[PDB]
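S.K.: Below, each chain spelled out in residue letters.
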Amino acid sequence: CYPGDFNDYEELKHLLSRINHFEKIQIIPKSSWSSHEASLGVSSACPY
Amino acid sequence: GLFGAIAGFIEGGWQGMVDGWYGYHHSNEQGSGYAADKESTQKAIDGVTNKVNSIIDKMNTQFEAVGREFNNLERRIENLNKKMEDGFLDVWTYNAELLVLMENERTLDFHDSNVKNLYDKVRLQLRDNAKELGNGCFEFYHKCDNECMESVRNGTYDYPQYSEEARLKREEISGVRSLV
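Just so you know, the sequences run in chain order A and D. As numbered in PDB author numbering, the first sequence has no gaps in its residue numbers, which increase by one up to the final residue, 141. As numbered in PDB author numbering, the second sequence has no gaps in its residue numbers, which increase by one up to the final residue, 180.
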């Protein structure tokens, strides 16, 4: 929705050809962001 | 199968005919005995030998696969390579099977006529002079010794030499004398 490109996109989808199930786990909590501001990375390009 | 002979009216082959593929068995005053027809076995071998070398020759250009090495993020042409070689190796494996399956049918039927064409050869020489006994075998009217067997064996029998002899026998086992 925010435009650009997905580097090596097809090589991935192909790798997704062999996978039957994901499990999304949390590697970096949004809460734990230190001395930056994680909350205000939004854009009208991507409306919810 | 197709031609009528092998596993047909000639019920079963003989174990006694050791020297060749098709042949003769006779029975007369002097002896009994088997004798392979070499001429026409040798012609059948010619044709099978040629069939075998026919294939061999036809698959010297068959698809040779030398390998290629591939990267981690080239994964999907690595695959394209694998799809291809697996592809061709399926297409030629099919071919090599189907050809054999097809040539085997043709070969077993080749013998089947070989035998029958032999029989019909014997038959066309000996005509009225012999009885078609109906199981692969003929009994002669005129009594025919070893030297005369050969002629049938080597296809130069002489009808008009035993004619009377034979047709004196036809003349009588027709019960035609029995009116005097």
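One or more hints might be untrue.
Capping the alpha-carbon separation at 27 Å, the derived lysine-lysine pairs in DSS-like fashion look like this [what the hints assert, rightly or not]:
id: 1; chain 1: D; residue 1: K121; chain 2: D; residue 2: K143
id: 2; chain 1: A; residue 1: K106; chain 2: D; residue 2: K131
id: 3; chain 1: D; residue 1: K169; chain 2: D; residue 2: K143
id: 4; chain 1: D; residue 1: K38; chain 2: D; residue 2: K169
id: 5; chain 1: D; residue 1: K121; chain 2: A; residue 2: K106
id: 6; chain 1: D; residue 1: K131; chain 2: D; residue 2: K143
Across the chosen pairs, the derived CB separations fall in these ranges [said to hold, decoys possible]:
id: 7; chain 1: A; residue 1: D98; chain 2: D; residue 2: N81; range: 24 to 32 Å
id: 8; chain 1: D; residue 1: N104; chain 2: A; residue 2: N100; range: 54 to 62 Å
id: 9; chain 1: A; residue 1: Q119; chain 2: D; residue 2: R76; range: 51 to 59 Å
From chain D, some residues computed to sit far from chain A (all C-beta separations above 12 Å) [claimed, not checked]:
id: 10; residue: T61
id: 11; residue: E78
id: 12; residue: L89
id: 13; residue: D120
Source of the hints: derived by calculation from the structure; they are not laboratory data. Cβ coordinates follow ideal geometry from the N, Cα and C atoms, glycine included.
S.K.: Are the hints correct? Go through all of them and say.
M.R.: Hints, verified against the model:
1. D/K121 <-> D/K143: At roughly 20 Å apart (the allowed maximum being 27 Å), D/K143 and D/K121 satisfy the hint.
2. A/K106 <-> D/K131: violated, 82 Å
3. D/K169 <-> D/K143: Holds, at roughly 10 Å.
4. D/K38 <-> D/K169: Violated, because 33 Å separates the two Cα atoms, which is more than 27 Å.
5. D/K121 <-> A/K106: violated, 73 Å
6. D/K131 <-> D/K143: Holds, at roughly 12 Å.
7. A/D98 <-> D/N81: 24 to 32 Å: holds, 27 Å
8. D/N104 <-> A/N100: 54 to 62 Å: holds, 57 Å
9. A/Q119 <-> D/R76: 51 to 59 Å: violated, 30 Å
10. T61: holds, 34 Å
11. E78: Not fine: 10 Å to the nearest Cβ puts D/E78 too close to chain A.
12. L89: Per Cβ check, D/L89 is outside 12 Å of chain A; nearest 22 Å; holds.
13. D120: holds, 65 Å
The structure fails to meet hints 2, 4, 5, 9, 11 from the earlier list, while all remaining hints are met.
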